[PDB]
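4 protein chains.
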Amino acid sequence: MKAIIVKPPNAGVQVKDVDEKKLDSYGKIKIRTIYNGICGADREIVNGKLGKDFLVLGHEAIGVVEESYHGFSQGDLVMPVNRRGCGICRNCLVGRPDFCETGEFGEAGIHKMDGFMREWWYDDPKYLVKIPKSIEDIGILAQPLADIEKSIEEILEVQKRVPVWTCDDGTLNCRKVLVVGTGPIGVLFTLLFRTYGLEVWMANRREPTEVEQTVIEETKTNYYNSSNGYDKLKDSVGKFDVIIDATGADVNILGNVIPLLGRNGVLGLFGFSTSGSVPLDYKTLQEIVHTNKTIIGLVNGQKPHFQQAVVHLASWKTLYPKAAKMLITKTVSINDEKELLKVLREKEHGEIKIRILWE
Amino acid sequence: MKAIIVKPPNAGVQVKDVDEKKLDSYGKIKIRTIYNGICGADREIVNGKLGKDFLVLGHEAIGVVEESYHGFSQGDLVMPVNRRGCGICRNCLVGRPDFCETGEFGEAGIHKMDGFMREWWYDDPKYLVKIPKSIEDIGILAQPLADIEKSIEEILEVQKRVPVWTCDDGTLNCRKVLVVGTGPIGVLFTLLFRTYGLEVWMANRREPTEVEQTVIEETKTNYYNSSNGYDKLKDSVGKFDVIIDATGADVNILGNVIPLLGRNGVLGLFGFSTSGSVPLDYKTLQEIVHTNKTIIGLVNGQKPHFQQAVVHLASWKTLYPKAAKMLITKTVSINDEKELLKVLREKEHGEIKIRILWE
Amino acid sequence: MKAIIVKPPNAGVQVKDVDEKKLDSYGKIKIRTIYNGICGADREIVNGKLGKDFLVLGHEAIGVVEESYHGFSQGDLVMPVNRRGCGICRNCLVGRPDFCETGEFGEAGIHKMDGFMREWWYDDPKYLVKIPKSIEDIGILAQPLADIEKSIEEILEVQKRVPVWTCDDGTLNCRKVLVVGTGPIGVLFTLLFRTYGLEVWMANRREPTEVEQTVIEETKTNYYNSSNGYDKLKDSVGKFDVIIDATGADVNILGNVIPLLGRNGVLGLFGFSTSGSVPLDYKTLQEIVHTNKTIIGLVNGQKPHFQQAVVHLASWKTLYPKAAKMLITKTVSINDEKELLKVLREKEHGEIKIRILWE
Amino acid sequence: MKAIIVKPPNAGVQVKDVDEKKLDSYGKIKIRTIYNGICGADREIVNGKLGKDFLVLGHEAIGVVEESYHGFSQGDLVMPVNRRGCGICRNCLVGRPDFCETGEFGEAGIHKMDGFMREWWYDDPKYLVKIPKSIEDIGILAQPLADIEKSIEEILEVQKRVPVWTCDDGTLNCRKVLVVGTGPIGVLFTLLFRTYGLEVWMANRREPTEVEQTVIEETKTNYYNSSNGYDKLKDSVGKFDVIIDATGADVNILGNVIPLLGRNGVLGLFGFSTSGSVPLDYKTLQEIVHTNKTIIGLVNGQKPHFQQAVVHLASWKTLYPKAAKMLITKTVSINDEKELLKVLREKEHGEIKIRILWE
Ligand SMILES: NC(=O)c1ccc[n+]([C@@H]2O[C@H](COP(=O)([O-])OP(=O)(O)OC[C@H]3O[C@@H](n4cnc5c(N)ncnc54)[C@H](OP(=O)(O)O)[C@@H]3O)[C@@H](O)[C@H]2O)c1
Ligand SMILES: NC(=O)c1ccc[n+]([C@@H]2O[C@H](COP(=O)([O-])OP(=O)(O)OC[C@H]3O[C@@H](n4cnc5c(N)ncnc54)[C@H](OP(=O)(O)O)[C@@H]3O)[C@@H](O)[C@H]2O)c1
Ligand SMILES: NC(=O)c1ccc[n+]([C@@H]2O[C@H](COP(=O)([O-])OP(=O)(O)OC[C@H]3O[C@@H](n4cnc5c(N)ncnc54)[C@H](OP(=O)(O)O)[C@@H]3O)[C@@H](O)[C@H]2O)c1
Ligand SMILES: NC(=O)c1ccc[n+]([C@@H]2O[C@H](COP(=O)([O-])OP(=O)(O)OC[C@H]3O[C@@H](n4cnc5c(N)ncnc54)[C@H](OP(=O)(O)O)[C@@H]3O)[C@@H](O)[C@H]2O)c1
Ligand SMILES: O[C@@H]1[C@@H](O)[C@@H](O)OC[C@H]1O
Ligand SMILES: O[C@@H]1[C@@H](O)[C@@H](O)OC[C@H]1O
Ligand SMILES: O[C@@H]1[C@@H](O)[C@@H](O)OC[C@H]1O
Ligand SMILES: O[C@@H]1[C@@H](O)[C@@H](O)OC[C@H]1O
Ligand SMILES: O[C@@H]1[C@@H](O)[C@@H](O)OC[C@H]1O
Ligand SMILES: O[C@@H]1[C@@H](O)[C@@H](O)OC[C@H]1O
Ligand SMILES: O[C@@H]1[C@@H](O)[C@H](O)OC[C@H]1O
Ligand SMILES: O[C@@H]1[C@@H](O)[C@H](O)OC[C@H]1O
Ligand SMILES: [Zn+2]
Ligand SMILES: [Zn+2]
Ligand SMILES: [Zn+2]
Ligand SMILES: [Zn+2]
Ligand SMILES: [Zn+2]
Ligand SMILES: [Zn+2]
Ligand SMILES: [Zn+2]
Ligand SMILES: [Zn+2]
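So the sequence lines, in the order shown, correspond to chains B, D, A and C.
The entry's author numbering puts the first sequence at residues 1 to 50, 58 to 366.
The entry's author numbering puts the second sequence at residues 1 to 50, 58 to 366.
The entry's author numbering puts the third sequence at residues 1 to 50, 58 to 366.
The entry's author numbering puts the fourth sequence at residues 1 to 50, 58 to 366.
Just to be clear, a hint being listed does not mean it is correct.
Because identical chains share one entry, a pair is satisfied inside a single copy or across any pair of copies.
Said to hold, decoys possible - Straight-line Cα separation of at most 20 Å, EDC-like style, residue types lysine to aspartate or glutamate; simulated pairs:
hint, residue 1, residue 2
1, 167, 206
2, 183, 20
3, 324, 143
4, 183, 164
5, 59, 257
6, 140, 225
7, 246, 111
8, 133, 175
9, 324, 60
10, 140, 111
11, 290, 44
12, 354, 111
13, 22, 366
14, 227, 143
Please keep in mind that the hints were generated in silico from the structure rather than gathered at the bench.
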């Protein structure tokens, strides 16, 4: 069977024929892959930065149900949930390995579990999210968007601690969010926060790309060029109710944006920084105490968040049609080995999402 | 009228007769002071570390109602809430200036507002907490305990984000708390967490004092001497679900204890750190993201928290009688000027709470 | 100015020119009406079943902003929130008159407040919901859908009382809802519950209409003909986690469906029952106690719910395109007086929403 | 082994020696019974109103730990949790069989499980609540109080649906509770709500008893003689935010109190009504809809609620010492057969709690 395979911790990737019989099966439902998505985590494993001699790559997939089984009919499009539980802890037992207490969960295409960059796989209906045919084209985004749905859900849950965090009109329209770093993560955070009605500023150390300018315009989002720091933003707009670190950057980014967090505010750490050490002095931390600020680590969406993501992607075809049409940057055929290896190995500037087509 | 006065931002304190006419009045109920408490906040203003020429010091008070007004009867004991609202924001409008959005709140005996170290004052029934005569002796602690009630309440609210944070038996008995630092704040966090049933480890850079040893034994709390760091605690007990910084010390303490935070855990910042800069490297921050960890600034209790504190102090006379009887370190007469000025200016080693008695 | 007017409690309705100076203004923004919606509440006032000589009818409107104000561009479509606060109670003061504690709120086109069946009106920006031009056709439904958004939000909030109400897969997909009474309210409850992923059964004392059959098939909803009661449904499907009374029917409907409520379940009372008395015996009530059942009165959506409604309407254009195009039964011109009076006075069988167009 | 045994559904009760091998064991810890409590449920079984030849009666117990086990020391006092889970559903698996989804749970001394009126039993440490020696005398009340702790917890959780249910001072002190029925349950509800600071009116169809009068005066609670209905209370006091049925009597009591429920209010059904049928008319039900009222079935406390009960009983020894000393009406020796059978068979007027002492 054709599969894209990796050999962690070693760098490298192959697109080749493997023995179908030694690949991981998860249930009774046979699913033929139509699309995969690629993201930074795939790039990391391919570049070695994270009885089986290999692992099937890929955790973003849309496939078609080959034969009707229970609630699933032949021809239905489905997406697998990628993180699966440890089987021992109470969070996993209620279907929420995002909060696994043991750390012994599996992650398709990354850890302990064969991924979905293969011709077909067998899965359990419990781990399958129904993808409407009407969002077949952008539906691949439901996996990355699920992470962001969970993250925003969590931020809103935490802010229930504030006696009144709503605005004079009962909404959250008055609350301002700073999304630091663009790319697929920043863009999806922005789209979702605008959908919820919060004001958004996107920030990056440069002017907007064509895609970001469309998002700015269509979603009525603000943009800040942070090339020379954040003083001018603070001077003009003031402080923010929520700040999202969506950069995989140097942790000194946090030193730049922490002074822009307002009273009762939340700093959501979503990106995985891979450089730097950030100094926090007593003045900064004392201020955090006095003003009820919170810093939260945000990771991993689960089935309910994939479903929310499907509804939002559907909404964006109507609300933000121009931005929705830019979520998918390009599609590469599984049969195009040279182009496939290139995109698996490295991101292109201004890439949102690369899709792999099985044919 | 006899009053203890300060002149911020200037260092210094005086006990003298002042014109009752230039003192702040807050409502129609006349209250004669019986006790005040002293804390580090009083020491700070006295030492200049933070029409009207002066401010009446003091935010911890128990007074007696001199004349029956509405629901308050003559002879009733009351304690005033010390932080009061800005009158503009929605949090203050619902009685919760602990989450004030303007920062224009008042704090009795500290900022904008005359305190309670005076023979008598007038107050509004809405800011008065009823103090049962059966806890007259230890009731002064309800004010500092209120801050801690709010803090624990907030930690538990935030942890509702975790799908299941309860244990196999439906309680929080399996959850472990590290309380860093053991003066009145760390001791009160320990007593309250044990009342809630969580396991507690107190930590200081030394062996316990007598009072602490009484807490250890009576409340079945654990103690760790952190003089040579925390590796041995980590190796023996593992990681903690909650960590409270109850030290007003160098922020590098957080560097020490962050590695001891467990999956889904909460670092509660309560102490007001006065020195240092702590480096947080990418590995630490990445881990925080991967494990859904949270850091929260904890400050200020309000009326419902004062009321909860009364119930808990009452409970401790039965549950923890030895500990409860050590909460009050000493009592100084308002008339004993040399001693009073001494205790206002500086803490004694091992002090928990000093009371000022009006007679 | 042309307006549709009533004189409660008397029966009758007129479409005529009225003096602008007599009509209620609510703010600085001029809005030219383009669409109104008609519902049962309108028919009730028209038929006399519910300093001003008259009241402007109507509480469902979409208008166009006439000038470029702060936040609102000229040509923007907006919808007014219909219930407005009493200005005294804490619920109203946080933008939530749905929970008004005084009952002294106003309801546009019903009580205290001129409605929106007029050429134009002046409003405060705080009461305006933005209606994307991409949902101009079905956007009028955002008002009725808002009541339903609030209702489901409240049901889900209440069900947080159950330690685990989610399913084996972390979703609510395993939860079953019985929606009693089809057409508009029942149809919208069904669409929204299926959007959230819950299983739905619609019930009416007849077979489905053409429109209901579309919704049934496209949303994968079940239908039960309740003409001879509920024994057959109970025997086949069992009991339900949520039951919604979406009928304005005799209260004895509740006696029929209460035996179908499952453990930990919620009976949502949304319809305004019009006759009857229902007996509850001790056996029924003790069983409610034993099984943690809840009965909840559900009324009125506010601004955040209108905004959620807009997102869901947009989603349905892609998720349920056939059903979405059957939401608007027909549009009547404001200038077609004979047909207008007819649709104001009586519902037609199987009607979902009639829209009035201003030209 | 001596044990008190019954044979449901037959009436009758025996205190005799029974074969130890025939009695249910629940774990490895041996617990020697020191006290049991008797309540209405016991009286019902004794009077036959609700593989084994018999069932050991009793679900209210304090026993002594025979050997120093895991976290339990020889001589420690413990109380068993009486309802135990089905082992299948997600609520039972998180330690919360109060919300069991299968109904397959066991109830010590009532259903599927031998009770605790026996010389000793073996238990699992997970089902054991530590009873401080400082509350040995009234600690037996922790089991009935647990049900009430759960109930008030649930009411407060449900009321988070109201945007602001707190008062001008951030507390619930402005909220009024009507407790209908003044037995062990009504008294316990009253004490706990007053502990939480809510205003309470107790109601019964007579003047108070001495015990009740003592509760009334010491807790600053109000009393209403409801012998001639509730019109006079409604006229004098108005309506209530919470109404608790602590009856057991005829369900028509609900018809009488429902008109006294206020906006956004909660009717808590705790008592097990024993007769009658109450009519609810369309006017009553539509007003429930209009005012966001809720009716909730309240049943069963679990381990966290036992632990909260321990803290509150301890608090009452200081807060309400006179009331606390009236909670135990009398103690009967296990060897006093004539008196024992008397108290098992029938309640005495004004009784709160009868305790059985194993001598
Ligand atoms: N927590 C979770 O569950 C989770 C899930 C998925 C992904 N992630 C992490 O999320 C992070 C972002 O993902 P992604 O796929 O969007 O990454 P990406 O494609 O690498 O995009 C990173 C964005 O950050 C911008 N950036 C870099 N330095 C910046 C700075 N100093 N200030 C502002 N912006 C800066 C980059 O600018 P340029 O456009 O000019 O290059 C780019 O737009 C990564 O660390 C990824 O690992 C976390
Ligand atoms: N956020 C709020 O609402 C709020 C309210 C009240 C107070 N506070 C702040 O809370 C903090 C504690 O108050 P407090 O009155 O208890 O202070 P305190 O009396 O100064 O006690 C501080 C404790 O920390 C110990 N300590 C110092 N350095 C330490 C270290 N490196 N590791 C472990 N322990 C260390 C001290 O040890 P020794 O016993 O050996 O001296 C002492 O036991 C202060 O910063 C205070 O300003 C905050
Ligand atoms: N709580 C709130 O905030 C709120 C807001 C808006 C509306 N409402 C109320 O919600 C209720 C429904 O609104 P609507 O506009 O959908 O009303 P509607 O157009 O009158 O629809 C009523 C539906 O119930 C069906 N029905 C009647 N008796 C039935 C029975 N015994 N069993 C099952 N179905 C039965 C009707 O059947 P047919 O199709 O065969 O006639 C119709 O499908 C009304 O009482 C309305 O006033 C409440
Ligand atoms: N839901 C649960 O988890 C749970 C748990 C435990 C108990 N319960 C139930 O709670 C109920 C109360 O328990 P209990 O032990 O307190 O019962 P109890 O000892 O029988 O007390 C009943 C009280 O109600 C009074 N009463 C009777 N009719 C009344 C009326 N029409 N209006 C006002 N008061 C009236 C009685 O008056 P007199 O004093 O004049 O006789 C007595 O004070 C019982 O039904 C019991 O089964 C439920
Ligand atoms: O923010 C939007 C709001 O302005 C309105 O249009 O409702 C939907 C939201 O997405
Ligand atoms: O019920 C739906 C679910 O099956 C999936 O498609 O996600 C969106 C939900 O509306
Ligand atoms: O109530 C607090 C008081 O205890 C002290 O810490 O000073 C700050 C106040 O918020
Ligand atoms: O918003 C509601 C409206 O839709 C209708 O039901 O009339 C009453 C209002 O509360
Ligand atoms: O209601 C009480 C309140 O008045 C205060 O005294 O604090 C404790 C509460 O129990
Ligand atoms: O931790 C305690 C628990 O073990 C039990 O005794 O109930 C009260 C709690 O304070
Ligand atoms: O689901 C997450 C995935 O989207 C990200 O790419 O890697 C971490 C996972 O938890
Ligand atoms: O715990 C409850 C008990 O107190 C009552 O007596 O019987 C039913 C149980 O659920
Ligand atoms: Zn990915
Ligand atoms: Zn796990
Ligand atoms: Zn203080
Ligand atoms: Zn304020
Ligand atoms: Zn309407
Ligand atoms: Zn109001
Ligand atoms: Zn009992
Ligand atoms: Zn169960």
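Against the structure, the hints come out as follows:
1. 167 with 206: within (19 Å within a copy, 26 Å between copies)
2. 183 with 20: Neither way: residue 183 and residue 20 sit 50 Å apart in one copy and 39 Å across, limit 20 Å.
3. 324 with 143: both (12 Å within a copy, 15 Å between copies)
4. 183 with 164: Classified as within: same-chain Cα gap 17 Å, cross-chain 23 Å, threshold 20 Å.
5. 59 with 257: neither (34 Å within a copy, 49 Å between copies)
6. 140 with 225: Intra 25 Å, inter 12 Å, cutoff 20 Å: inter-copy only.
7. 246 with 111: Between copies only: 17 Å across chains, 39 Å inside a chain, cut-off 20 Å.
8. 133 with 175: Between copies only: 8 Å across, 42 Å inside.
9. 324 with 60: neither (43 Å within a copy, 47 Å between copies)
10. 140 with 111: neither (35 Å within a copy, 42 Å between copies)
11. 290 with 44: Classified as between; 16 Å across copies, 37 Å inside a copy.
12. 354 with 111: neither (30 Å within a copy, 49 Å between copies)
13. 22 with 366: neither (22 Å within a copy, 68 Å between copies)
14. 227 with 143: between (26 Å within a copy, 19 Å between copies)
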